[PDB]
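J.: Using the hints, position chain D against chain B.
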Amino acid sequence: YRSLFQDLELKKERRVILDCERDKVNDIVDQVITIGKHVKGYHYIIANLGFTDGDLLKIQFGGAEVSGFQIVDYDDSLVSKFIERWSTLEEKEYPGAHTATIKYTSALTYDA
Amino acid sequence: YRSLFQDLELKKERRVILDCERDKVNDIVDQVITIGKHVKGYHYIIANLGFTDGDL
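Chains as they are written, first to last, in PDB author numbering: chain B, 177 to 288; chain D, 177 to 232.
Think of the hints as simulated: they come from the structure by calculation, not from any bench. Each hint can be trusted.
Straight line, CA to CA, 25 angstroms or less: simulated BS3-like cross-link-like pairs of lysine-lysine: (1) B:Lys216 to D:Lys187; (2) B:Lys216 to D:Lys188; (3) D:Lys187 to D:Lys216.
Selected chain D positions facing chain B (in silico; Cβ < 8 angstroms): (4) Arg178; (5) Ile209; (6) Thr210; (7) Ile211; (8) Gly212; (9) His214; (10) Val215.
For every residue, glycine included, the Cβ atom is placed at its ideal position computed from N, Cα and C.
Looking at chain B on its own, in the form it has when it is part of the complex:
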């Protein structure tokens, strides 16, 4: 990645569209924080439905502008009453349930 972003800085791209899984999103996000090129001037677009599924806090204050797509609108009460039931589940019996967030893949599984 240090080879990769310097090759991006051979042309000095301030406009990056990532398209990865939320693991490989957060891998490359940590690589951006490694090189530190998340200051203002850069722009980042994440191309999955899990915009909320990433590490938003770690580059919330980094400087660059991050815009993405989220299908799981947490503002809806129909979504919220699910989260009122989802977050109160047992985390040991249901792994990944007790968190107030949820993957969109888990949301589409429940919708299926």
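T.: Below, chain D without anything else, positioned relative to chain B:
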């Protein structure tokens, strides 16, 4: 720290001398990485004998 470094960026200090324990060094280092102001132009001086003891 986000309040603190912005107060440093009220005067825009590119020259910072830290003086902390290696825990509190690595705490503030992670705060510099949080605000991202560890790009070229800034300078940092660590004022303990444990230069190698930090997160280099």
